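Student: For reference, the chains in residue letters:
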Amino acid sequence: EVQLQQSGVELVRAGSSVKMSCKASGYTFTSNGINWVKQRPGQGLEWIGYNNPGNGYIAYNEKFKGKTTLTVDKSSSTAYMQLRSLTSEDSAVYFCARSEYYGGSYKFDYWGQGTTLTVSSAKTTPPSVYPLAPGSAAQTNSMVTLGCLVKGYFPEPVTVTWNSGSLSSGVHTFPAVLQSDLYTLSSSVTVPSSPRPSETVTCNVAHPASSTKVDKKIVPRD
Amino acid sequence: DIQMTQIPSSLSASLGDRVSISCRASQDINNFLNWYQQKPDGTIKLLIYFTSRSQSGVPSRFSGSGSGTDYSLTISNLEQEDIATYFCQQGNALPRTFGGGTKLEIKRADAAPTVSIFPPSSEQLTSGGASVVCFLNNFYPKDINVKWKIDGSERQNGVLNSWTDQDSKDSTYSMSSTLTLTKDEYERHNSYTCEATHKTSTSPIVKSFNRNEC
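As you go down the protein sequences, you meet chains H and L in turn. All residue numbers for the first sequence refer to the entry's author numbering, where the first residue is 1 and numbers rise by one. All residue numbers for the second sequence refer to the entry's author numbering, where the first residue is 1 and numbers rise by one.
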């Protein structure tokens, strides 16, 4: 099964350089060219270059030429891309994909998982977790909706669970959004009115990068 | 470069439907056109190569055709595992260029959000912040408009909106909107209102709390 394993440096500061790697396996490395593609989160796909490890060598998209250096190491069977002087426009997901000839042109037939490049100013910060209990005029009358707000963390991801995972129906966890260079997300669980506050409901959030674990029980009032 | 245009950029279809995605190039591409599928959470796969017509080993419901500048991908009976973003790529000249993408979603009966608003938790207020949160849950279509009103006026500053992906079970979306203010500003006002405008009601759906009926 041919396979292409990526990772390079993912969190960097403006002015930095990163060298990413794409390790191929499952086929003779020398026999196929490697291509690198950028996906800037607002979806489109952009071609950066091609590197043939066997048959001589290299092309760059005019745009990426100079900011990018593509090398290979034929003996570890790895392709690399180097980005110099990284700005905000360089934050994206970078994929490497293999070319295969089929009568006339090339198909990019296997692709790596991609490595996210986050150019940032922010440091590892643990989230603040605040329980969100229904307010004032009694609210959510049939089912009750409760939430959890996970406020200033860096980097992604955080994992949010409700009752250590026992409560997994009714839950909505919203994609995090970057506020001033830190992430904020939320999760809601809708429960029967007979469940709370008679039974305990707790949101459990884990932030693997700061080794933080927080348990916040949702209780009446504010 | 050769500019590649996919129409449409979004397509809603019912499960079981025959879907067609089109891709046009700025000059004749000589049939060197490849199509790719990007699943939710980003993996990408080759589906079809050389001018649509050749299948890589994807389901047989994927096929493609075309000549010159205009190519098509068609899925003959839509499955749930097919909602994805699809990309055409021309392989006739350097730079290899890609189409802008077509995203698929499952068309459903309209639903209408269940809205809730949450006052700042006391814990946040001890740190001098006050975020007010509004969950808008399980609605279809995805288009919704949210405005915040404080004692009768502005929405605008400090609001962060986040949307979920379409739910694989039922086929809805959900959204949270969060207004952040400082505790000081929070205590100079009385009502906070989350107002949603969805094409499912002519009257906004409103949720509010007044600060000291708490």
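Since the hints were derived computationally from the structure, they do not count as laboratory data. One should not assume that every hint holds.
When the alpha-carbon atoms are kept at most 27 Å apart in a straight line, the in silico DSS-like pairs for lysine-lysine are as follows [to be verified]: (1) L/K103 to L/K149; (2) L/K147 to L/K183; (3) L/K207 to L/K103; (4) H/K19 to L/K45; (5) H/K63 to L/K169; (6) H/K23 to L/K207; (7) L/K199 to H/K216; (8) L/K169 to H/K123; (9) H/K74 to L/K169; (10) L/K107 to H/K217; (11) H/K123 to H/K65; (12) H/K217 to L/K207; (13) H/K23 to L/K147; (14) L/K107 to L/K149; (15) H/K123 to H/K19; (16) L/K199 to L/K107; (17) H/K63 to H/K123; (18) H/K67 to H/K19; (19) H/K216 to L/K39; (20) L/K169 to L/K142.
Student: With reference to the structure, classify each hint as holding or not holding.
Tutor: Hint by hint, here is what the structure shows:
Simply put, L/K103 and L/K149 have alpha-carbon atoms about 34 Å apart, too far for the 27 Å limit, and the pair is violated. Of the pairs offered as hints, the one joining L/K147 and L/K183 holds, with about 21 Å between alpha carbons and a cut-off of 27 Å not exceeded. With a C-alpha separation of about 32 Å, the suggested pair L/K207 and L/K103 falls outside the 27 Å cut-off, and the hint is violated. Our distance criterion of 27 Å between C-alpha atoms is met by H/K19 and L/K45, whose separation comes to about 25 Å.
For a cut-off of 27 Å, the pair hint linking H/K63 to L/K169 is broken: about 43 Å separates their Cα positions. Annotation: proposed proximity of H/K23 to L/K207 is violated, straight-line Cα distance about 53 Å (limit 27 Å). Restraint check: the Cα-Cα separation between L/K199 and H/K216 comes to about 36 Å, which exceeds 27 Å; the hinted pair is violated. Taken as a hint, the L/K169 and H/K123 pair is broken in the structure, with Cα atoms around 38 Å apart against an allowance of 27 Å.
A threshold of 27 Å between alpha carbons decides the hint, and for H/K74 with L/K169 the separation of about 47 Å lies outside it, so the pair is violated. Proposed proximity of L/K107 and H/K217 is contradicted: the alpha carbons are some 38 Å apart, above 27 Å. Among the hinted pairs, H/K123 with H/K65 is inconsistent with the structure: their alpha-carbon atoms are about 31 Å apart, more than 27 Å. A distance of roughly 24 Å separates the Cα atoms of H/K217 and L/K207; the hinted pair therefore holds under the 27 Å criterion.
At roughly 48 Å between alpha-carbon atoms, H/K23 and L/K147 are farther apart than 27 Å, so this suggested pair is violated. Between L/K107 and L/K149 the alpha-carbon distance is near 32 Å, which puts this suggested pair outside the 27 Å criterion. Restraint check for H/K123 and H/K19: the C-alpha separation of about 21 Å stays at or below 27 Å, so the hint holds. Distance restraint check for L/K199 and L/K107: the Cα-Cα separation of roughly 15 Å lies within the 27 Å cut-off, and the hinted pair is therefore satisfied.
Annotation: proposed proximity of H/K63 to H/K123 is violated, straight-line Cα distance about 30 Å (limit 27 Å). Between H/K67 and H/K19, the direct Cα distance comes to roughly 12 Å. Compliance with the 27 Å bound is thereby established for this hinted pair. Using a Cα cut-off of 27 Å, the hinted pair H/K216 and L/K39 is violated, with the two alpha carbons roughly 34 Å apart. At most 27 Å may separate the alpha-carbon atoms for a hinted pair to count; L/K169 and L/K142 meet this at roughly 16 Å.
Violated hints, listed in ascending order, are 1, 3, 5, 6, 7, 8, 9, 10, 11, 13, 14, 17 and 19; each of the other numbered hints is respected by the structure.
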